[PDB]
Amino acid sequence: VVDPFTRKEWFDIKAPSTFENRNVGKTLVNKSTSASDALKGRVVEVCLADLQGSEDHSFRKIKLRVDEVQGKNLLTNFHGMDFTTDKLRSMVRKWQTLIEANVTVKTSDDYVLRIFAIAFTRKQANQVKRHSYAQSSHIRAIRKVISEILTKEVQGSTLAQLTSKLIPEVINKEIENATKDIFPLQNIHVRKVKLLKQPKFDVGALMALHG
Amino acid sequence: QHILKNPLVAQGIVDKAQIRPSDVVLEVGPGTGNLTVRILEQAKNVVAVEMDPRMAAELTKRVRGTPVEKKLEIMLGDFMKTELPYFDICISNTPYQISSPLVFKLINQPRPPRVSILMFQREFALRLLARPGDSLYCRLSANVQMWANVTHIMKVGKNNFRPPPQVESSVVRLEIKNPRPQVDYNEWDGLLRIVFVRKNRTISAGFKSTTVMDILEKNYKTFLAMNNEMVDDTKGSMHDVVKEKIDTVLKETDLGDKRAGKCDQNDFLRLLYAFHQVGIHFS
Amino acid sequence: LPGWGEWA
Amino acid sequence: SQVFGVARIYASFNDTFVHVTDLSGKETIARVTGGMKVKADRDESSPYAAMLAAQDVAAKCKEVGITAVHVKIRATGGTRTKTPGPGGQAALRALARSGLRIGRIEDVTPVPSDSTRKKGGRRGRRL
Amino acid sequence: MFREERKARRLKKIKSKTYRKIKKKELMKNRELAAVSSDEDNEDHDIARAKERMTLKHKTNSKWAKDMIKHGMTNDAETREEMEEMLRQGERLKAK
Amino acid sequence: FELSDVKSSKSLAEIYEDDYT
Amino acid sequence: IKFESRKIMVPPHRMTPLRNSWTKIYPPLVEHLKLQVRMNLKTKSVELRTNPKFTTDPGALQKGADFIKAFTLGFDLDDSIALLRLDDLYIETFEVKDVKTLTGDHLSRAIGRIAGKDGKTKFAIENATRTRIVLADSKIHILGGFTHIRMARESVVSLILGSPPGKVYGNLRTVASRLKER
Amino acid sequence: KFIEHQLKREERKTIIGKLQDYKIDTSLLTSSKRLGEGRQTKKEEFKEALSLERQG
RNA sequence: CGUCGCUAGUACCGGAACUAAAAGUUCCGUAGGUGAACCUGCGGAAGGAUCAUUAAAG
RNA sequence: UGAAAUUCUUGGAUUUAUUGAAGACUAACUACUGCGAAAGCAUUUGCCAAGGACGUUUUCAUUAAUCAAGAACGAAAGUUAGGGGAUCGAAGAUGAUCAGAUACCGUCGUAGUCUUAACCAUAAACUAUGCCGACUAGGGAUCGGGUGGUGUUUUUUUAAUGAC
Ligand SMILES: [Mg+2]
Ligand SMILES: [Mg+2]
Ligand SMILES: [Mg+2]
Ligand SMILES: [Mg+2]
Ligand SMILES: [Mg+2]
Ligand SMILES: [Mg+2]
Ligand SMILES: [Mg+2]
Numbered sequence: 020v021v022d023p024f025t026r027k028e029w030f031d032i033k034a035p036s037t038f039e040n041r042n043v044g045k046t047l048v049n050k051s052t056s057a058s059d060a061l062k063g064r065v066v067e068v069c070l071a072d073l074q075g076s077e078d079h080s081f082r083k084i085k086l087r088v089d090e091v092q093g094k095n096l097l098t099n100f101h102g103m104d105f106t107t108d109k110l111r112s113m114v115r116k117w118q119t120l121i122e123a124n125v126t127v128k129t130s131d132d133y134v135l136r137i138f139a140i141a142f143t144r145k146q147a148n149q150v151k152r153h154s155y156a157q158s159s160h161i162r163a164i165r166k167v168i169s170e171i172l173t174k175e176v177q178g179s180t181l182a183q184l185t186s187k188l189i190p191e192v193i194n195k196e197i198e199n200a201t202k203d204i205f206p207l208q209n210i211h212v213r214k215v216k217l218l219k220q221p222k223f224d225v226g227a228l229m230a231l232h233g
Numbered sequence: 036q037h038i039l040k041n042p043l044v045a046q047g048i049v050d051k052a053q054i055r056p057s058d059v060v061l062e063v064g065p066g067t068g069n070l071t072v073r074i075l076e077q078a079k080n081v082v083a084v085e086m087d088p089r090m091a092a093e094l095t096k097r098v099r100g101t102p103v104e105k106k107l108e109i110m111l112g113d114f115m116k117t118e119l120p121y122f123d124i125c126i127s128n129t130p131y132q133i134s135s136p137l138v139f140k141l142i143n144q145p146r147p148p149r150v151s152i153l154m155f156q157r158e159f160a161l162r163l164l165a166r167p168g169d170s171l172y173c174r175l176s177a178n179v180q181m182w183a184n185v186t187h188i189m190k191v192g193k194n195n196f197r198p199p200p201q202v203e204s205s206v207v208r209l210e211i212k213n214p215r216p217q218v219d220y221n222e223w224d225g226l227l228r229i230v231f232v233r234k235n236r237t238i239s240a241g242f243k244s245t246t247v248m249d250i251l252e253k254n255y256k257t258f259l260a261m262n263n264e265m266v267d268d269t270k271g272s273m274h275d276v277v278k279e280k281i282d283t284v285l286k287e288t289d290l291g292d293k294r295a296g297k298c299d300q301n302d303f304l305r306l307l308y309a310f311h312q313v314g315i316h317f318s
Numbered sequence: 788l789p790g791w792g793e794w795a
Numbered sequence: 011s012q013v014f015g016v017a018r019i020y021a022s023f024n025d026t027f028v029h030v031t032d033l034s035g036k037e038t039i040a041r042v043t044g045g046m047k048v049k050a051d052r053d054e055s056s057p058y059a060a061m062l063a064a065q066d067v068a069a070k071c072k073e074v075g076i077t078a079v080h081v082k083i084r085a086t087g088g089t090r091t092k093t094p095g096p097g098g099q100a101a102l103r104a105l106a107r108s109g110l111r112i113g114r115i116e117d118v119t120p121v122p123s124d125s126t127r128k129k130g131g132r133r134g135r136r137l
Numbered sequence: 387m388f389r390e391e392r393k394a395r396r397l398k399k400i401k402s403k404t405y406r407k408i409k410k411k412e413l414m415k416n417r418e419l420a421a422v423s424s425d426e427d428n429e430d431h432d433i434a435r436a437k438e439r440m441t442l443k444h445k446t447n448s449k450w451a452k453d454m455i456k457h458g459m460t461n462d463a464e465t466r467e468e469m470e471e472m473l474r475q476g477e478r479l480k481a482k
Numbered sequence: 398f399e400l401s402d403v404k405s406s407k408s409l410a411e412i413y414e415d416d417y418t
Numbered sequence: 092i093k094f095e096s097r098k099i100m101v102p103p104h105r106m107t108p109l110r111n112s113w114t115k116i117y118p119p120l121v122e123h124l125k126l127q128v129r130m131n132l133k134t135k136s137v138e139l140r141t142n143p144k145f146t147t148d149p150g151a152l153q154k155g156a157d158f159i160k161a162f163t164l165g166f167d168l169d170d171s172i173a174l175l176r177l178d179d180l181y182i183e184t185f186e187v188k189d190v191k192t193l194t195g196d197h198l199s200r201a202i203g204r205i206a207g208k209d210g211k212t213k214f215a216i217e218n219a220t221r222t223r224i225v226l227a228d229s230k231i232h233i234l235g236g237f238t239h240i241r242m243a244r245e246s247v248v249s250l251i252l253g254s255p256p257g258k259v260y261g262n263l264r265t266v267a268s269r270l271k272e273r
Numbered sequence: 099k100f101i102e103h104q105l106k107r108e109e110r111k112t113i114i115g116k117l118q119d120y121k122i123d124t125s126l127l128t129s130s131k132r133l134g135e136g137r138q139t140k141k142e143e144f145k146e147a148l149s150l151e152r153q154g
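Protein chains in written order, with UniProt numbering: chain U, 20 to 52, 56 to 233; chain P, 36 to 318; chain H, 788 to 795; chain F, 11 to 137; chain Y, 387 to 482; chain B, 398 to 418; chain G, 92 to 273; chain S, 99 to 154.
Don't take each hint at face value.
To be verified - When the alpha-carbon atoms are kept at most 30 angstroms apart in a straight line, the in silico DSBU-like pairs for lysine-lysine are as follows:
{"no.": "1", "chain 1": "G", "residue 1": "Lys211", "chain 2": "B", "residue 2": "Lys404"}
{"no.": "2", "chain 1": "G", "residue 1": "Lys188", "chain 2": "F", "residue 2": "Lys82"}
{"no.": "3", "chain 1": "S", "residue 1": "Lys140", "chain 2": "P", "residue 2": "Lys270"}
{"no.": "4", "chain 1": "P", "residue 1": "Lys293", "chain 2": "S", "residue 2": "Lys106"}
{"no.": "5", "chain 1": "G", "residue 1": "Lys230", "chain 2": "Y", "residue 2": "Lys401"}
{"no.": "6", "chain 1": "U", "residue 1": "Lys33", "chain 2": "U", "residue 2": "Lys128"}
Please keep in mind that the hints were generated in silico from the structure rather than gathered at the bench.
Starting from the given sequences, assemble the full structure and let the hints guide the process.
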């Protein structure tokens, strides 16, 4: 007897200041009888290409969680990151070794998170062998180096600083420079970021992030 | 469909039927009538059940203009769906698809035949004939041996049937016991079904199942209700009572550690009586 | 080849 | 001036789901299925059923206010097939023809690292 | 080189008599049609006939053939064919 | 009537066009 | 008609044929479909865009992207070109392991059964069901009409389950009659 | 074998007599055929609900 | 064109009335089986017909 | 489903999103390539011992090959007594029993599938091919070690290593 969209009402979302394009679309919810309770805890997943306006990041997605509401504006915070499935399937190929590492670590902001990084062996310029398999000892050494690195950046940084590192993919270059002597590698990427636990809510820290 | 062509085996079947001249014969799966003409020869009258109207028409054509024409009667329908007349002897080479149910129908006829000669698949015939402690002893064996006695007449080969089937065959004799033993079909079948889920495991293991416990508890509550004694009816009210009843009866009967496949008629009868003593009714 | 690397 | 939605397409063997929701996904804008647009249960999975469902959702989305959608096609996944069937493809084609702008296309079929046994059994299934 | 290695490696494992039998017959046709095999000079025939007479390798006195005969293995059609192909091959060499 | 066991000279475009016409 | 883009990543093993078939692929897309075509060599993905001032058909962009995807999966160019010609052509896709968990030699022999000697068995299904089949290792793609691909799918599945090629060839022939009859 | 068979027959007769001592109907009792199900629809639940109502 | 039929229905006291009625794949080991001319669960074998593409850190 | 029907569903099914719980299994990389006496063995990291090959101008000096008797292990299934019980699933029940390419389909699902302490010792347990030893052709690919180069790349200070 009622069209819900009569009682539905629109809010617009705003992303953290770490990202260039703060406007990330709009969401709806039923009008308060409250709307804020439903709005909080909402997670929206969006490609980096939209937020940074560069197609170099077309294969990467951020999940952002709504954490505050102000005057129809939904202030969100970083909640996770991931790659597109098609990207991963393009990456994985025959005649090469997959090196996958995962590290559970907490930032300086008591943000507990988990980082998954992926790397591949590559054939040298003059190589004539078909494949580029790496011996298990090299695999273990590379994994140890990656773990030590990822722990080093995560521990000595804030979550916002961690994102500011993730966007320029500097961590991948650091991994490439660290593991260069062990074995040549290609397509070094931070595959995924999960946010396991959260600290106590601090609205001021979010207002500062959103300016 | 497969058709027999060996005359000697048909002659043996009709002979070992031992049809008295005053007997009426229920002849299932009449086929071309090779069995039927002989059975008409030495029978008072024959009642035949045919699935195929064409094939019964062929039978009528064969028997037409013959002295035994008046004796034959043909029924058209499904053997199971039909309600049958009184009959003294049952001789069948019916398709084995209805083999297992058929037997029980013969067992459950209001006036059962004194003797029946039935053709079955070899494995099924052996399971019917299986004795306690045998590998192929199963629920069917115990049930039929309660309601009848089954014996082996012949082993019928593949080559006799055309087109040759993928399994051997055999002919057996079934004799329903008159008077019938005065044990409920339902209770016996329920006990055997609960015990024969895995015939080579302990009976206690068979009763350990949760569904079995639930069924037995509901039946105990129903029995208490019938006796006018009040009952709570909640899910777990009598679990601790039924479990201890089962343990006590299994221990006292000494059947707890005996495998179902190695237990004979009397062991199951003792178990049934003890369960009725302690108040649990299965089916 | 037209369009190998530039808009065509 | 551009409002974005999310068009989740679930292409099963026996049916197709055209479910357009909000960017968060909690809010449903319109759900239309192959069954609702067809008289026979056999023809539910067909591309024709998928085609009709797309316009019905497409018409609804315009009325609400949505002008663009991000497509998320998927199959039944799990222990079953991972690739969307013709029903999903036709629905995707229909949305493009409907005039609604489409932002990005990605397959989100649930792909297990390693799964439980398939219902078929040792001898197989789908004779 | 890998590709023929994978293909050649896989064809090795298939040792079905029917599959090998069909492959040969296709191969023999191709050789005969293409005339890849050089014609035998009369001297070469004489050398070949010399060996067959001088050995008598293609008669039922061989170990394999004798075993099948004495144990009723040649009543079966397929083995009898495997015997007959051998005998005609000998008779071919015996031809003058 | 016998089925062809070799690549159809007709492309699938062509065989479907034959189907319409 | 609005400005839009597609991105279809071509796998490495299909790069060289695309370089081979490029002379015959951009003409139909840029002339008939009036679409603006590229690939990013850096990303190795063919990029197709709707040109608002020139493109007219709303469905051209999806039609072109699907046409590419057919070539990407392994279908021959002329086979894929039909997707541009027609509007009721779809691709059915599944793997061997979905039908039956076959491993080692069992998987390889199952593939051999589908393809048949010299590709005859695959071609019979191709001709009888009016479809096209690309057998990529344990990955099967079938292109054709919706009714047609279902018919082709079962014949493939029966071969996977163990049905001998000969009986499958016979069943194909009974099906072939009903197609001409209707 | 015969004499053991006769003893078994006598024991069977005694047990069957004591069984006739303890006998009831079976219409209300749930059959063991349900052992495999382990989960039930509403339709039977209505049937069971009606059955237990009839019993009281 | 008439009589009673047969099928369906409506009433009435077996009987006696009314209306309607377009038809003529091959197996191995193990474990089970109560619509068993055979089925089923688990693991294993070929003693079962390989076509296309394929250096894109090009 | 060939179409239906048992089945769930306005008390909201199916589908969407944020979580949580339980038990299995280690996709894609994956290759008859690697290891192990065989059966078998695939997520990260740590601990415990074990092992083939290679290098050795180190050590003992026949201590060796084969093996009735006898002993250790022996896929899957199975049995005894606990734990666990997600998925699939013998048995059993039940819906439908119309149509032959789709002709055995559906739902519930006991035992089992997992694990602990003992039994059982069977497979197309296959290279349908005993073990040790010598000799008898060319070729280039791969896995592990070792030797040689005044070879490329990296060490983006050199270099030395690593990768080719
Ligand atoms: Mg390896
Ligand atoms: Mg070895
Ligand atoms: Mg050593
Ligand atoms: Mg147990
Ligand atoms: Mg032992
Ligand atoms: Mg083995
Ligand atoms: Mg030697």
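Okay, the hints, checked on the actual structure:
no., hint, verdict
1, G:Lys211 to B:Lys404, "holds (9 angstroms)"
2, G:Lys188 to F:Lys82, "holds (25 angstroms)"
3, S:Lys140 to P:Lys270, "holds (17 angstroms)"
4, P:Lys293 to S:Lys106, "holds (18 angstroms)"
5, G:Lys230 to Y:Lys401, "holds (26 angstroms)"
6, U:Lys33 to U:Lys128, "holds (26 angstroms)"
When held up to the earlier numbered hints, the structure conflicts with none and fits them all.
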